[PDB]
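**Q** Each chain is listed here by its residues.
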Amino acid sequence: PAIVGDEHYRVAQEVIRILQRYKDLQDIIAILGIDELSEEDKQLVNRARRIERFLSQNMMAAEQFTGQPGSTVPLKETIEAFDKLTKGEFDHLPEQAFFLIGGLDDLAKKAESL
Amino acid sequence: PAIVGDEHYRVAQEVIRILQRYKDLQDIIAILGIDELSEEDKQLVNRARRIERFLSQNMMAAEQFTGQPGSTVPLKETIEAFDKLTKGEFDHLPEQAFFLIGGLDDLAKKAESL
Amino acid sequence: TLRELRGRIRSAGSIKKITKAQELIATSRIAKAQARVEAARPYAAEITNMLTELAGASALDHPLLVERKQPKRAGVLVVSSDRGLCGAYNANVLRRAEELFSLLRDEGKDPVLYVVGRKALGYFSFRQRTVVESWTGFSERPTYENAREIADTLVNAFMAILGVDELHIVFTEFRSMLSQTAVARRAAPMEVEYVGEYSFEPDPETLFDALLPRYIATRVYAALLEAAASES
Amino acid sequence: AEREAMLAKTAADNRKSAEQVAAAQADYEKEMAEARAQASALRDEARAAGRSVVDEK
Amino acid sequence: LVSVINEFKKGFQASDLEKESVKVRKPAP
Amino acid sequence: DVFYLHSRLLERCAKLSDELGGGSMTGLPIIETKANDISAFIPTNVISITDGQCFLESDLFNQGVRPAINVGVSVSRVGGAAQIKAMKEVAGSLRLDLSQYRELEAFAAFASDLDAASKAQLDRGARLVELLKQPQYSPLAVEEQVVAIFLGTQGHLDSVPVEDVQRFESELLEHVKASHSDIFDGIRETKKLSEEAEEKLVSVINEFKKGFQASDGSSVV
Amino acid sequence: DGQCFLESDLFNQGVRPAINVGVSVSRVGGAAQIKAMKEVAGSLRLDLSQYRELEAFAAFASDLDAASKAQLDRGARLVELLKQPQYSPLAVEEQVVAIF
Amino acid sequence: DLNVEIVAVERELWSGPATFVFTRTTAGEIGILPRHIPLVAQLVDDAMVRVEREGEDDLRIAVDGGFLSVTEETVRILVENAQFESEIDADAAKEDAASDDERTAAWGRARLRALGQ
Amino acid sequence: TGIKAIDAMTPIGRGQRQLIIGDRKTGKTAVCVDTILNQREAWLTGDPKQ
Amino acid sequence: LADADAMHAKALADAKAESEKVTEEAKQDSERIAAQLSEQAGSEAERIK
Ligand SMILES: Nc1ncnc2c1ncn2[C@@H]1O[C@H](COP(=O)(O)OP(=O)(O)OP(=O)(O)O)[C@@H](O)[C@H]1O
Ligand SMILES: [Mg+2]
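Same order as they appear, the protein sequences are chains A, B, C, D, E, F, G, H, I and J.
Residue 358 is where the first sequence starts when you use PDB author numbering, and the numbers rise one by one after that.
Residue 358 is where the second sequence starts when you use PDB author numbering, and the numbers rise one by one after that.
Per PDB author numbering: the third sequence = residues 4 to 163, 177 to 213, 222 to 256.
Residue 58 is where the fourth sequence starts when you use PDB author numbering, and the numbers rise one by one after that.
Per PDB author numbering: the fifth sequence = residues 500 to 515, 533 to 545.
Residue 300 is where the sixth sequence starts when you use PDB author numbering, and the numbers rise one by one after that.
Residue 350 is where the seventh sequence starts when you use PDB author numbering, and the numbers rise one by one after that.
Residue 3 is where the eighth sequence starts when you use PDB author numbering, and the numbers rise one by one after that.
Residue 151 is where the ninth sequence starts when you use PDB author numbering, and the numbers rise one by one after that.
Residue 51 is where the tenth sequence starts when you use PDB author numbering, and the numbers rise one by one after that.
It should be emphasised that the hints constitute simulated quantities derived from the structure, not laboratory data.
Every residue, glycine too, gets a C-beta built ideally from N, C-alpha and C.
A portion of the hints provided could be inaccurate.
Under 10 Å between C-beta atoms, here's a sample of chain F residues computed to sit facing chain C [as the list claims (entries may be wrong)]:
hint	residue
1	334
2	405
3	406
4	409
5	412
6	413
Simulated crosslink set (DSSO-like; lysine-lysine; CA at most 27 Å straight-line) [to be verified]:
hint	chain 1	residue 1	chain 2	residue 2
7	D	73	J	66
8	F	499	F	476
9	A	399	A	467
10	F	384	F	491
11	F	432	C	20
12	D	114	F	476
13	C	19	B	399
14	D	114	J	99
15	A	466	A	441
16	E	508	G	387
17	C	19	F	418
18	J	66	J	77
19	F	418	A	380
20	G	387	B	467
21	D	87	J	77
22	D	66	H	96
23	G	387	B	466
24	E	509	G	432
25	B	399	F	418
26	F	490	F	387
27	F	476	J	71
28	F	418	F	432
Let's have the full structure, built from the sequences with the hints guiding it.
**A** Structure below.
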């Protein structure tokens, strides 16, 4: 909390908690199936899928392969975006919308493109 | 298989397979108990105990280790006996019947003595 | 020493895999057992409703509703699992059963065992306590036939043969997933529960008498289902 | 009486037909399976003869 | 020796609460 | 300098540029690990030096998984660049399938209680494991390997019993070579499994299935 | 020519004098016994080793066969028979009668 | 139309609407059509139930010692164990009908009666 | 190499350095002799590039 | 009933035809395998020579 802002630490810890809970539920999903989870578990699984896919990014190193310039997401924008993700504000967009996109502007544009 | 024949090779490799599975299961059996194994694995364990004890033999040089005289088992009889074991024809006999016998006739005699 | 440690680290890994598999299979079987518990709720509710109606129309002198004049023996149906790895499930059930036995002795009643599940048989045989009848091999997947047999034996003992003047059932109630509590219920004689406020064929006395054993059977079945869910 | 006869025999004929469709299916499948098993045995015997001839040569 | 063992074993002293209810649906008995 | 001793050696094994003729020298050093201790000094050194490792384990050998490469632990840093396109596309899902099978192996006794997808993965993995088994002194040409892995990854073995997979593959190739060599010739000459060749291969697999006698007496279709 | 591998674990269990039957062995064997002792105790060491192995195996089995249970009983009685307090030697005749 | 539901002790067995229900209670044979007065009765040990399903053909059920309840909302048949006519094994029912055990004989006879004898 | 496991899971491209590592009597010399044998089809082509 | 009898006879005839074709293909495959293995044996004998 000291070197980074308290908001940064809170958002990062929330993301870590969500991802850890999802990693725990992976065994149940793989063996018992998604439908054997509870509604709260399914909501968390959707949110964790979207979070972990939003952790991806269109790297500059990939510009040579696709052409899409790489994104340099400002730290504040990443913090607020993941605050929105962990609070469920983007749980209604398709998972493919979160792949390889830097920031909320790119998220919205890709969502509208799907 | 090109030297000892396909039958000998198959029986030897099946015996080794059963014994390796038994060695892998011995950790489970000592703690979780035999009752918690799969039915196939339980049958395999019963097979493997008898196979281990049947590999024991009353050798001539060990008369002063056991009192009883030594025995000689033809290779054909060994292959036949182990094919029967690995295939199940002796699962009904007690495992102690397979200890220090050396042959199928001795197996029958010791089983009757039990 | 290093060889021993690596062998132990192998065993522990195999045991971890087996126990994780068992945990996930138990998660599945909890869902199955809870679904069965819910599936039997309609019959229980409807039989209870018609039983209340008949009791309203009945005389309420059935043997299962009147305490014996001097209770000598009190049967106890201890519902335990038939396979291990169930944690303190059996331990909790049998601790509650022993507490019930102490309470019965404090009341002068001599407990007599009916035991469901192999583990309780071992527990009671080690302690030189005789089980009059025992049923095993269905605690994981109880059917209504097992409950019918258990209730029939219990009711026959109650009516009687040395017989028993009372009967309790100790089992692990499945209050919620996190929590399962060993509870003892007196399944006979049943208390008449008057509360603030139909036709019957044949007359409500015979119909009520033929229905009450069915009520005991369905309650024993619900107890077995809930014990299976708690075991899982 | 004949009314009865017809009803019952019609019953049994719809029975025969329902059982005979299954019987034709099962018999065709059994004959096909036997033919395929004999073909596999013939191929296996050919392979065994090939092994014997290669070994002897 | 076997006879001795058997005759000795002949004389050897071995050391060996909720309550189910029917709701009557009427207010008084 | 023992590390150097091995390094100085293994680094001769290189692929030369086109200016030097384009020749290459492939190294297959063999190391005996005592009690499967890959953390010993020489094993550590040569694992560091080399580009990849086929880890052979005696436990897998005794289970009958011979040639006994412990997939998963075994790695090749060159990766798909060292595979023809046919094998690259066919064997892409093989690694994930085997990993899932090793994860699911603890559930082999409860296949009734698993999800449909999980049970299908377990059944697929057992047959893939049987598929990777291979008799000694009998290497398979790349086209035959492509067809064999195609049988398993695409699900054509899902109907064959596990204990018969080794035979079903062995006969099927023996059939294809003798009668439908166009598939092998296409894979060899073009290095990829074309769509028309894939359809022909599927048709021949299905035709062979009808004439295949499972060791248990059942039919596979 | 042999071992008498005395085990602390066995010593604490009350198996005194602590011979781990499995590890212990005498390669002179029956040649160093009187014929009565040899005949009475010909397979005793191997029987006890098998008993120990089975006791480790049958630690938590609840469906032991009749032969297995008989083997455990015989082995436990033999183990009790081989217990012996310090400074209480037994003549060879008494030893053969005991193992008998 | 009647709301007819047949509830086995283990599970709910059938819930389709019907126009007429028919069964032999311990005190005689009875038929129920909508707006029947509330009733409670015990089906005979070897009883059978006919449910005149409005849409398709009637449903014949072998019932094991069930109870019958009629209510302003629904007609309930509580069942220890029941089988639809299509699920009955005719040979098994015939064999059981001769069984010495009272329960087994009654169940087999109920199966025969539901099947159509 | 001709071994389905190696050619599918851990492919060896010429110019690579692949280590066959394992305890005794596990199949290493077998793997390498199989690899050597598998090159006969390439040799019989007569093309130095193969 | 008449249709089922005719279709059963047709199915038996079709099974006979399928068995004939299958055994013909089996003889063809046996000849192919024998030729391949004899060629292999000849090649191995020539290599030994
Ligand atoms: N794929 C295989 N299928 C069947 N048997 C095999 C296979 N690979 C090896 N073997 C057998 O396993 C044994 C060990 O083979 P190999 O000689 O190649 O081992 P190695 O690992 O080189 O060991 P060593 O240290 O003895 O040289 C031999 O019997 C060989 O025939
Ligand atoms: Mg070698």
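**Q** Now tell me if each hint is right for this structure.
**A** So, going through the hints one by one against the coordinates:
With a cut of 10 Å, the hint placing residue 334/F at the interface with chain C holds, because the nearest CB-to-CB distance is about 7 Å. The beta carbon of residue 405/F is positioned within 10 Å of a beta carbon in chain C (closest approach about 4 Å), and the interface hint is therefore held. The interface hint given for residue 406/F holds, since its Cβ lies 5 Å from the closest Cβ of chain C, which is under the 10 Å cut-off. Annotation: residue 409/F was flagged as interfacial toward chain C, and the flag holds, the nearest CB pair being 5 Å apart, inside 10 Å.
At a threshold of 10 Å, the smallest CB-CB gap from residue 412/F to chain C is about 5 Å, leaving the interface hint in force. Because the beta carbon of residue 413/F sits about 8 Å from the nearest beta carbon in chain C, less than 10 Å, this interface hint is met. Restraint check for residue 73/D and residue 66/J: satisfied, since their Cα atoms lie roughly 23 Å apart, inside the 27 Å limit. Taking the CA atoms of residue 499/F and residue 476/F, the gap is about 13 Å. The hint holds against a cut of 27 Å.
For the proposed pair residue 399/A and residue 467/A, the alpha carbon gap of about 24 Å is at most 27 Å, so the pair holds. Distance hint between residue 384/F and residue 491/F is fulfilled; the C-alpha atoms sit about 5 Å from each other, no more than 27 Å. Restraint check: the Cα-Cα separation between residue 432/F and residue 20/C comes to about 25 Å, which is no more than 27 Å; the hinted pair holds. This hinted pair checks out: residue 114/D and residue 476/F have alpha carbons roughly 24 Å apart, not beyond 27 Å.
Simply put, residue 19/C and residue 399/B have alpha-carbon atoms about 19 Å apart, close enough for the 27 Å limit, and the pair holds. Annotation: proposed proximity of residue 114/D to residue 99/J holds, straight-line Cα distance about 11 Å (limit 27 Å). Restraint check for residue 466/A and residue 441/A: satisfied, since their Cα atoms lie roughly 16 Å apart, inside the 27 Å limit. With a C-alpha separation of about 25 Å, the suggested pair residue 508/E and residue 387/G falls inside the 27 Å cut-off, and the hint holds.
In summary, the hint linking residue 19/C to residue 418/F is supported, as the alpha carbons are separated by about 21 Å, within the 27 Å threshold. Under the criterion of a C-alpha separation no larger than 27 Å, the hint pairing residue 66/J with residue 77/J is consistent with the structure, at around 16 Å. With a C-alpha separation of about 21 Å, the suggested pair residue 418/F and residue 380/A falls inside the 27 Å cut-off, and the hint holds. Pair hint residue 387/G plus residue 467/B holds up; C-alpha atoms about 21 Å apart against a cutoff of 27 Å.
Between the alpha carbons of residue 87/D and residue 77/J the distance comes to roughly 20 Å, so the proposed pair stays at or under 27 Å and holds. Annotation: proposed proximity of residue 66/D to residue 96/H holds, straight-line Cα distance about 22 Å (limit 27 Å). Taking the CA atoms of residue 387/G and residue 466/B, the gap is about 23 Å. The hint holds against a cut of 27 Å. A threshold of 27 Å between alpha carbons decides the hint, and for residue 509/E with residue 432/G the separation of about 24 Å falls inside it, so the pair holds.
A distance of roughly 22 Å separates the Cα atoms of residue 399/B and residue 418/F; the hinted pair therefore holds under the 27 Å criterion. At roughly 10 Å between alpha-carbon atoms, residue 490/F and residue 387/F fall within 27 Å of each other, so this suggested pair holds. For the hint linking residue 476/F to residue 71/J, the alpha-carbon distance of about 22 Å falls within 27 Å, and the restraint holds. With a C-alpha separation of about 22 Å, the suggested pairing of residue 418/F with residue 432/F holds against the 27 Å cut-off.
Of the hints listed earlier, there is not a single one the structure fails to meet.
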